[PDB]
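J.: So the chains spell out like this:
Protein chains: 2
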Amino acid sequence: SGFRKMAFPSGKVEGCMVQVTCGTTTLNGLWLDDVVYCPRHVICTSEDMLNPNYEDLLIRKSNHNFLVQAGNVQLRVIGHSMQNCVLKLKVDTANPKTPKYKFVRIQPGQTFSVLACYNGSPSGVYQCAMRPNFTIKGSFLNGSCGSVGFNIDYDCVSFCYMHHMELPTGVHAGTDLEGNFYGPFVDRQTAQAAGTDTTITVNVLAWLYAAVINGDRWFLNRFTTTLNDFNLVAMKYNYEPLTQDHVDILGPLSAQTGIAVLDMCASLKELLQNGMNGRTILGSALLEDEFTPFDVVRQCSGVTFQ
Amino acid sequence: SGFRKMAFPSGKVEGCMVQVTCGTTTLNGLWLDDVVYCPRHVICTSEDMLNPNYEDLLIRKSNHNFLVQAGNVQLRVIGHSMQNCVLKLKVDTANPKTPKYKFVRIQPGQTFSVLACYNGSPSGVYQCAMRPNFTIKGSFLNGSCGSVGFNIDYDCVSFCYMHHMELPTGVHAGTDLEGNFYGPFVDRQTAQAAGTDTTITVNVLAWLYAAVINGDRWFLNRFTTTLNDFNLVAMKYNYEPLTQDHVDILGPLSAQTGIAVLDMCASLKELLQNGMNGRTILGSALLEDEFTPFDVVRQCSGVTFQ
Ligand SMILES: *CC(=O)c1cccc(NP(=O)(Oc2ccccc2)Oc2ccccc2)c1
Ligand SMILES: *CC(=O)c1cccc(NP(=O)(Oc2ccccc2)Oc2ccccc2)c1
Numbered sequence: 001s002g003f004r005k006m007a008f009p010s011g012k013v014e015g016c017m018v019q020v021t022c023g024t025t026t027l028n029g030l031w032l033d034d035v036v037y038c039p040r041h042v043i044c045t046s047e048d049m050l051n052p053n054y055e056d057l058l059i060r061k062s063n064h065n066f067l068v069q070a071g072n073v074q075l076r077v078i079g080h081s082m083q084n085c086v087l088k089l090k091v092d093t094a095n096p097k098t099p100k101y102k103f104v105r106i107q108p109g110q111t112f113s114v115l116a117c118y119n120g121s122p123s124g125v126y127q128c129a130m131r132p133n134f135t136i137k138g139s140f141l142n143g144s145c146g147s148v149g150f151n152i153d154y155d156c157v158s159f160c161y162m163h164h165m166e167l168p169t170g171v172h173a174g175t176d177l178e179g180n181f182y183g184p185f186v187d188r189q190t191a192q193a194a195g196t197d198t199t200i201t202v203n204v205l206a207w208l209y210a211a212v213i214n215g216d217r218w219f220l221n222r223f224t225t226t227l228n229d230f231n232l233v234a235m236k237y238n239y240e241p242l243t244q245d246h247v248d249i250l251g252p253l254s255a256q257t258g259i260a261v262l263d264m265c266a267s268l269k270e271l272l273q274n275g276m277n278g279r280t281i282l283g284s285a286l287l288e289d290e291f292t293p294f295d296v297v298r299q300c301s302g303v304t305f306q
Numbered sequence: 001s002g003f004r005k006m007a008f009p010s011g012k013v014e015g016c017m018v019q020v021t022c023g024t025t026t027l028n029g030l031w032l033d034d035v036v037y038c039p040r041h042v043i044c045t046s047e048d049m050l051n052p053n054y055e056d057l058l059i060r061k062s063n064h065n066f067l068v069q070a071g072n073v074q075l076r077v078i079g080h081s082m083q084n085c086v087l088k089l090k091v092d093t094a095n096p097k098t099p100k101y102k103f104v105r106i107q108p109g110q111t112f113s114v115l116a117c118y119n120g121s122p123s124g125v126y127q128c129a130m131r132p133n134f135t136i137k138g139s140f141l142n143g144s145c146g147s148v149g150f151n152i153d154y155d156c157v158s159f160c161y162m163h164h165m166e167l168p169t170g171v172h173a174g175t176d177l178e179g180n181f182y183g184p185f186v187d188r189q190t191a192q193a194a195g196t197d198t199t200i201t202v203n204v205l206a207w208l209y210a211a212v213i214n215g216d217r218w219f220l221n222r223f224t225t226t227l228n229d230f231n232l233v234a235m236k237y238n239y240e241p242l243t244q245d246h247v248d249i250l251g252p253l254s255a256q257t258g259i260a261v262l263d264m265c266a267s268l269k270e271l272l273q274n275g276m277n278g279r280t281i282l283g284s285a286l287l288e289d290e291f292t293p294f295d296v297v298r299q300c301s302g303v304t305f306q
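First to last, the sequence lines map onto chains A and A'. A prime marks a further copy of an entry chain. Count the first sequence with the authors' numbering and you get residues 1 to 306, in order. Count the second sequence with the authors' numbering and you get residues 1 to 306, in order.
Incorrect hints may appear among the rest.
Which copy is meant is left open, so a pair is good if it fits within one copy or across any two.
[Claimed, not checked] Cut-off 20 Å, straight-line C-alpha distance, at most; resulting in silico cross-link-like pairs (SDA-like, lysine to any residue):
no.	residue 1	residue 2
1	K137	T45
2	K90	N63
3	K100	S123
4	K88	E55
5	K236	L272
Think of the hints as simulated: they come from the structure by calculation, not from any bench.
This is chain A alone, in the form it adopts within the complex:
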C-alpha cells in the first residue's frame, strides 16, 4: 500500500553525467559511448543573450576550446558538431558506464524522472510531467542546464529531456536529446512565456483508479456519463479532452477495479463540480495529474484492496 511520486532509480544516468566548459561558460553534459551531449548554450558568451547566431559562434571554436570533465578525469574532445539546440562533442574515450539507452521525444502528459545536476555532479532526483503547454514544473537552479530527464524500462534508459532554461513563471523549458525544443521556445533572450496550461485528464483518472486500488472509494458515485457530456464539463474546468484512445488506455485499470471508465468520469465530474469538501485522495487536497496510467500500474499492487 501507499502511493508516492516515485522516480526511476537514477544510477544508470548518474554514471553518464559530466561537466562541459567553453570559455567561462560551464554546464552539464551527458556522456554515452564516445559522445557528450550538451546544450549549445555552452558556446555563448556573457554578451550573446539577445540574438546569438550559433553557427557563427561555433565556427569560431576548435575542439580544444571545449573542456569535458568526468569525475577527476579530463576527456579529450576530438570532434564537435551541432544538431538543433544541442552540441555533440566526440571524445577519445567511450564511457564504460554507458547503459543500454534510447532517445525518445515524448508527448505532452507523459511523465519522466529528472536527475538534477550541477557541475557534472548529481544532486537530486524527482518525477515530473511534460505539461500540455510543453513546459515542465521542475526544480532547477543556475548551473542545472544539461541535466536530463528519462524513463527506464527493463534496464534500457530512454532519455527524453535536456534542461535549458527557466521562463518568467518559474517553469522550465528544454529539448529532446536531439536538441529540438518542446513547445515554441527558442534559446535566445527574447520575451517568451508559457502558454495557458490545462489539466491532464487521463492522468487524473488514472490516479483516481490508484486511490481505489489502494482501498479508497469515497469519491465514487452511482452515476455514469457519456464521453461527450464529460468532455463538455472538462472543457469548462480547463481539463484536456478525453479521447476514446485514453479510454482504451485506461482499460486495464478499469478491469482491475471493476469501475467502468465512463463511471470514473462521472466521479471526476462530481469532484470538479462539488470540490472535495475537506476530504483528501491519496493524501492530496487537489486532483493530481502527474501520474500516467502506466505509472499507476507500475507502482500499485496488481491486487485491489477490495
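Dock chain A' with the ligands against chain A, hints included.
T.: Relative to the frame of chain A, chain A' with the ligands by itself:
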C-alpha cells in the same frame, strides 16, 4: 525556481541491493563490504506468524540454508548472526561497489530517500519522513521488505531505515540498520496499530520559508506571536510543539528571507485558523511537513527572489 519532493540520487545504494532466500522465503538484502544485512523475517516459515522465537528458528539453520543472489552471481555465505531484528550474513566476497557509508538512527521529523526493491532489483526512489508516531508513509508491495532508506552527504551514504512491515492503516514500519524498530512495533503477527500522529511543525515552517524563497509571500501577515501562544494554537491543531532549538535551526532560512521565525509562526497560526481559501502554496492545497530545514536549504537557491 521550483520545489519538488526530491530524493537523493540512488546509484550508490543500487549497487548494494541483493536477494536473500531461506527456504521458501525471499526478500531484499543490503551488501556492504563482506556482510549482507536483511530482516530476520527471512528465516520465518509459512506457519511462524503468531509468536516466532527467532533464536530457536535460527539455531536450526546453517550457513548453506541462506541463498544470496547479487545480479546473476551467487554469493557464498560463510557466517551468520542475528542482531535485534536484522540478520547479518558474512559472505566470501566484499562488494566492490560499496560506497562510503554509515548507519544512523534518525529522529522523528527527519526525512530520507527510500529505494524500493523487489527480488534484489531496485524499482523506484522516493522521499519520505519518519512520522512522529514512528511509522512512514511509504509505497511498498509484497516482497519489498529489506528495502532501505538513506541520506547522502558528500558521497557518504547514511543508511537509516530497513523496511519490514505494513500496518493496518497502510503505513509502514521498520528498523534502523542495526535491527532496532522505530516505534513500539515488533516483528510478529500480533495486533499492532499506528499511534495517533501529529504534524511536524518545524518542517511546515521550513516549507513556508521555501515558498517565500521561491517568490511567494501571500500567506504572510503583519503579526507576530510568542512561542508560548503559538504552541497553544499548535497543540489545538495536532501540531508538534515548537522548541527554541527548532527556532535556532530555522535561523539560516529566517536570515535569508528577513522573516523572523516567530513572524512565520504568526503566518502559520493564521493559516491554521483560517485555511487557505482556495489558494495554494508551492502547488499544494495542504500544509506540507515532509521537508526539513536542511532539505529546503539544499534544494532552494541561496538567493531569495525578492
Ligand atoms: C544553461 C543553458 O543551457 C541555457 C539554454 C538556453 C537559455 C539559457 N539562458 P536564457 O537567459 O537565454 C539565453 C541567454 C544568453 C544566450 C543564449 C540564450 O533563457 C531564457 C529564459 C527566459 C526567456 C528567454 C531566454 C540557458
Ligand atoms: C518481509 C519482512 O521482512 C517482514 C518483517 C516483519 C513482519 C513481516 N510480516 P507480518 O505479517 O508479521 C510476521 C508474520 C510472520 C512471521 C513473522 C512476522 O507483519 C505484521 C504486520 C502488521 C501487524 C503485525 C505484523 C514481514
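J.: Please write out, lowest number first, the hints stated earlier that are contradicted by the structure.
T.: 1
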